[PDB]
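Only one chain is given next, in structure tokens, and it is the form deposited in one PDB entry.
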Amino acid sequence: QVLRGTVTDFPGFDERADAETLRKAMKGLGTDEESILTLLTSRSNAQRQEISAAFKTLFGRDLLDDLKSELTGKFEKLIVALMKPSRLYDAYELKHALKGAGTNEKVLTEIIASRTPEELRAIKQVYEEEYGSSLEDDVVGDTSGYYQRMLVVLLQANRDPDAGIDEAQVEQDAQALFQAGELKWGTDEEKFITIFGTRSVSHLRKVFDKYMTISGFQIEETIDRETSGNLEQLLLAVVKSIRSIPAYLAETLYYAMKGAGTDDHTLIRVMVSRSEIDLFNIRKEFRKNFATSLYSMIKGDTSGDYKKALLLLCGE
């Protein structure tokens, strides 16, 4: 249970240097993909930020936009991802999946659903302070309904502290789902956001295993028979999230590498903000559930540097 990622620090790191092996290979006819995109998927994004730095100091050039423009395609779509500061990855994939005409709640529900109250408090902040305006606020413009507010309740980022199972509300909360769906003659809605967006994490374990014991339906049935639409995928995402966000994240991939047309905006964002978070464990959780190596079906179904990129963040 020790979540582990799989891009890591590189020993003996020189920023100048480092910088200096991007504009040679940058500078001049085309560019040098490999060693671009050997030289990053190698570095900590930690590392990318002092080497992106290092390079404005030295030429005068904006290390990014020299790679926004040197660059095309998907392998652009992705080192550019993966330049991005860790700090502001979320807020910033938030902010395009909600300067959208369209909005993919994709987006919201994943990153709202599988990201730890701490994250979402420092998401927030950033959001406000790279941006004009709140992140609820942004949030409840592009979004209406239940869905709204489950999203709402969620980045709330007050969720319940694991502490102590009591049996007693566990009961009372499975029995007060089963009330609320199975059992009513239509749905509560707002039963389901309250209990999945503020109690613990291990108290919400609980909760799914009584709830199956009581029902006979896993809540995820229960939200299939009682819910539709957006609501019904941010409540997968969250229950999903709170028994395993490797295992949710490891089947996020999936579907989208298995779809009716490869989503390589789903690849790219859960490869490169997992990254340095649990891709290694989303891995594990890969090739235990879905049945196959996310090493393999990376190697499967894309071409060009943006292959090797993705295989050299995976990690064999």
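Numbering follows the first chain given and starts at 1. Each form is matched to the other, and the largest set of C-alpha atoms that superpose within 1.5 Å is called the rigid core. Compared with the form deposited in another entry:
- Compared between the two forms on the core, the listed residues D138, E105, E226, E93 keep their C-alpha shifts below 2 Å, save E226.
- Annotation: Cα of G28 displaced by less than 2 Å between the two forms, core superposition.
- Core-superposed comparison between the two forms: the Cα of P246 travels less than 2 Å.
- With the core held fixed, the Cα of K184 is displaced between the two forms by 2 Å or more.
To complete the pair, please output the form deposited in another entry; the form deposited in one PDB entry was given just before.
So it's only the chain below, everything else dropped.
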């Protein structure tokens, strides 16, 4: 489709005027969170970077250090996320899922499955730049088995082009997946990793259809979500992303709020990282799949300034 974000460049932007408002909001005893909230969610990421620059040229101060000293809580985490340069943000969040004891597999899967090969090539490059090390080495460092192998394949950013549907291979592949799926995805993993990882998106959507007509089922049905198995989670994310990235991300949001409490980390990461890409399309998938709006779901799951900020990111 045509991807539509919910945040665009503010017309009539003046980074100096904005820098002064933020300075005033912060200056002295207490904070005007409401003024910060509304300013920042109504400027695009590139404008926020122009505000930081102007804040340091006027005041000799660092805006992000200031925000971090003035704010707290989930509101702080949301604001700091917004302030990240768009080009770094996916990298940063991968770096945080990997760095330390254990791994945050959830974030690894989500970003690596739902970002396009072009996004991935850029994240790899920025990760190396920023963090000194290769994303691929750090992933191999943290993960094992076919989960690791399948991430590394996706990390090569080399899917076949969408050109010729070789309906002979479509039938072969669909049969291969039929077999493997009946076998609970636990045999011949090497076969399917190559099919999921390297075939073109238009091929694979053909495979999924063909599959269903062979089995009667949708290939997702042969996996169950809430329970375990990193490779299965990864398989499910890839199949959903091949179908529709905004649908898969809408579902990740739904489940970030569904149940006791919220996965605020996920809610923040998706709302921010997609705000200027496809968040509008995500809003429409959510509504049609989950028969409620994202807005009301956020409004019911969150509170305070953190909630106001998110509802202004979201829209309607």
